Amino acid sequence: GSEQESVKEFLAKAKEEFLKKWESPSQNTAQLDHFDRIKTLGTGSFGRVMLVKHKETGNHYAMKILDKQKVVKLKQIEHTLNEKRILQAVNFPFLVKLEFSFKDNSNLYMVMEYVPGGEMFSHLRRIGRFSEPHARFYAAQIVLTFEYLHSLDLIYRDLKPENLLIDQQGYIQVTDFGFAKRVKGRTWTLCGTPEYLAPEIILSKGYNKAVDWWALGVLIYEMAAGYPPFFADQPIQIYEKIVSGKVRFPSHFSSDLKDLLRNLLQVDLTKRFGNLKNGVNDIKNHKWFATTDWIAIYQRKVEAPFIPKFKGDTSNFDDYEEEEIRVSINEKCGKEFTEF
Amino acid sequence: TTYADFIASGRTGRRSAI
Ligand SMILES: O=S(=O)(c1cccc2cnccc12)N1CCCN(Cc2ccccc2B(O)O)CC1
Ligand SMILES: [Cl-]
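Residue numbers (our numbering), protein chains in the order written: chain A, 1 to 340; chain B, 1001 to 1018.
Heads up, some of the hints might be wrong.
Now the in silico label distances, taken between C-beta atoms and shown as ranges [stated by the list, open to error]:
no., chain 1, residue 1, chain 2, residue 2, range
1, B, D1005, A, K284, 25 to 35 Å
2, B, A1004, A, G44, 27 to 37 Å
3, A, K21, B, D1005, 43 to 53 Å
4, A, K205, B, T1002, 24 to 34 Å
5, B, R1014, A, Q4, 53 to 63 Å
6, A, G44, B, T1012, 12 to 22 Å
7, A, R262, B, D1005, 16 to 26 Å
8, A, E56, B, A1004, 25 to 35 Å
The hints are simulated quantities; they were obtained by calculation from the structure and are not laboratory data. We treat Cβ as the ideally placed atom computed from N, Cα and C, and that holds for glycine.
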């Protein structure tokens, strides 16, 4: 009741701050000609991410540029408005920080601190797999991040190595929040990425924050094995495996790791760790985490097992054709994005 | 091996949301 009461008090203040920012979001805190473009870091079906330099300060940022017309075409208005509203309201060491946002006739812009270490995904595929201490270090950060997000009644719903950055201290930054939803009870949308979907998302019953603990199990498995627990040529075949209740482990997994994963990759949501009476403490007190100093992880005082090569450098991102950023003379989709 | 089956699945690159 010292450590536990400190966390309760911390989370109560955190919720008060979150709700104030959620109710009165920041808007229009920069403009495009404050920035020079350097390089395209990523492309998607309705936007791009660009490395940019702030002209006055010289600071580097990742600028997410979303084409309003394409957002409307692909039915992503609510997700995009939600992502920005969440990002400007949350505050936690392992969440990316929104520095500026604004819009113009054509685009929405979210400007975030640049993290040159890139995605966990690339590092994992390059090295093959992480040792269990390395995986555990990242897993502990996700456990704490979900403890925070769930205390705000947010379900995260898109955990995967693609959405985790590794910063220059070797710690994680969670990137994407469009799918994050306020859920005190249950929700029903089929959304996420096939390999990481909990059975109850596939099966069309309502679901709750316990899906994030299932996804943690998938992430830990993929980090430690180099491949996810459920894979196949086509998503429908992946879904059949997920709901089956059967999983196999590499022979190099420790006994403690297998026991944790059997309890996270638990199809019966009423038996799944994270979702029992003692909540996240069943995970934090599990034998696999016995060596984890949870407070030291939160304070970023643990020496990271891996620090990306320090080189403005973009070597941890792929190369893309550089295309114009065109801003129309006509305002597009103004009413739809009024709150951005 | 299971790894070989993972490679054969074709889903070794970045994965999109559904
Ligand atoms: O480009 S990111 O790695 C990235 C995201 C956020 C902050 C960043 C700070 N420094 C470096 C990179 C950064 N990235 C991580 C997840 C992958 N998407 C894919 C994407 C690409 C284009 C448009 C949208 C999206 B989306 O997500 O919804 C792009 C964002
Ligand atoms: Cl890829």
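How the hints compare with the structure:
1. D1005/B <-> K284/A: 25 to 35 Å: Holds: the Cβ-Cβ distance is about 34 Å, inside 25 to 35 Å.
2. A1004/B <-> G44/A: 27 to 37 Å: holds (31 Å)
3. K21/A <-> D1005/B: 43 to 53 Å: Once the Cβ atoms are compared, 46 Å apart, the range 43 to 53 Å for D1005/B and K21/A holds.
4. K205/A <-> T1002/B: 24 to 34 Å: Check passed, 30 Å falls within 24 to 34 Å.
5. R1014/B <-> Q4/A: 53 to 63 Å: Taking Cβ atoms as reference, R1014/B and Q4/A lie about 39 Å apart, which means the hint is violated.
6. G44/A <-> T1012/B: 12 to 22 Å: holds (19 Å)
7. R262/A <-> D1005/B: 16 to 26 Å: Holds, since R262/A and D1005/B (Cβ atoms, about 22 Å apart) stay within the stated range.
8. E56/A <-> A1004/B: 25 to 35 Å: Check failed, 53 Å falls outside 25 to 35 Å.
The structure is inconsistent with the numbered hints 5, 8, although it conforms to all the rest.
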